[PDB]
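Just the one chain here, laid out as structure tokens, in the form deposited without 16-epi-Vellosimine (EVS).
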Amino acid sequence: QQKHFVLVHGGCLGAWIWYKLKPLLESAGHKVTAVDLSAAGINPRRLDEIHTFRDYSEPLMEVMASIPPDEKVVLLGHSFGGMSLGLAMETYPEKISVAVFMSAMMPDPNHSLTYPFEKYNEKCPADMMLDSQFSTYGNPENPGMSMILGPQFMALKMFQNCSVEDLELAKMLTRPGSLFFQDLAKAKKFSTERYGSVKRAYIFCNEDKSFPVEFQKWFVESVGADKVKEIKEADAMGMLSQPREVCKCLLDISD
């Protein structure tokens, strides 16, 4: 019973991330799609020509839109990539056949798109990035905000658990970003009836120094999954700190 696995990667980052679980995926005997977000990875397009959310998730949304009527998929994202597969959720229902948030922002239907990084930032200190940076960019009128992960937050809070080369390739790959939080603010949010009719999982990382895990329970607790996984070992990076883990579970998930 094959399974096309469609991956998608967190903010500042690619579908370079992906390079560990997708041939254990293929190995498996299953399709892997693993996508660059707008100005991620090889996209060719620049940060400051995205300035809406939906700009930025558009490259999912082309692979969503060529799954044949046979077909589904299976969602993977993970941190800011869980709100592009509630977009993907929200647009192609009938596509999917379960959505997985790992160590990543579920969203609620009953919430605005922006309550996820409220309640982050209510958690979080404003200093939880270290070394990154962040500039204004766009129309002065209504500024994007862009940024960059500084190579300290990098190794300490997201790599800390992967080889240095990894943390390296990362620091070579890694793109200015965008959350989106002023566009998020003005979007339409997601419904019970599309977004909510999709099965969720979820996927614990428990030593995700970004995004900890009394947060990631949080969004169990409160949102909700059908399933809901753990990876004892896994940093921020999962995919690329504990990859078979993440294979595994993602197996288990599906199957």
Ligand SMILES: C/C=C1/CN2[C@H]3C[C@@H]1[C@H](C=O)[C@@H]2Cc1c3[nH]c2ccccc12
Given for the second form:
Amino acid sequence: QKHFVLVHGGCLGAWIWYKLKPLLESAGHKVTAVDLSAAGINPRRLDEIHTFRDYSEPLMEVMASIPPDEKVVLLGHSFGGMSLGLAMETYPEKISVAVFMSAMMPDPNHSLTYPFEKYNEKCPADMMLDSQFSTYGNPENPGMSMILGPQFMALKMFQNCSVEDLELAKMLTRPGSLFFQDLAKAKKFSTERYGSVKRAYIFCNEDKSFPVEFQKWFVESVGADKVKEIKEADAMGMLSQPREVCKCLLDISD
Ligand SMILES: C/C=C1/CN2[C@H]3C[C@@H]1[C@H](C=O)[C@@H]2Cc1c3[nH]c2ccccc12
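So the form deposited without 16-epi-Vellosimine (EVS) is up there; where is the form solved in complex with 16-epi-Vellosimine (EVS)?
Entire complex below, previous chain first.
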């Protein structure tokens, strides 16, 4: 038995893991799927969350409650990788392996905004399609909020998923933030902390929102201890290939 803590990306929520949580449990493991602040059915509203630590606070509540005797495996995807990073900085010893599936993997050597800068470098400005962006917070120093466009979701996140999974996410997706202006002010991670945590990576070769060539770039520039691939996972591998993410994760963790 291991304890997996599962962390969703932006605009999503704990619900994305609904297909993978049973699977890990039927193999005999403990699973936690967290909702981050203003995501899923978390009661907070976006415009009351201005920092990324505030956003990541329900993950941090989980990590503080890992008994002294225990460790967890973390799985994050997309923007979830950033929360994995804070978890890994603050509680390095409570994590046996941090697993990043088609996620940005922070590097103690750069500002926390660096994977975002590199994404703008490597991807076109129209990458998010019908998604839409607006400022919130103080007009004097603003946040950016985003909503996922229906086409963006169908073509570029859930394209190897059932229309059912696509429909559920339209019902459940909420405005998100990538916290860029706050992340630009956050303390960097260190190698003594963040950097002491074994890391794994799971490629999702068919992720059109985060192309594999760019996922491959985080492993080449930061490194990972283990690395797997899902030939047919899209951005939502946990929904499109839930049995393969399970298999990868038991491999990585055993
Ligand atoms: C919530 C929709 C998004 C679209 N896109 C955006 C933001 C999110 C999503 C992950 O949740 C991916 C992957 C990603 C994005 N920006 C990145 C920067 C560095 C590495 C990966 C990314």
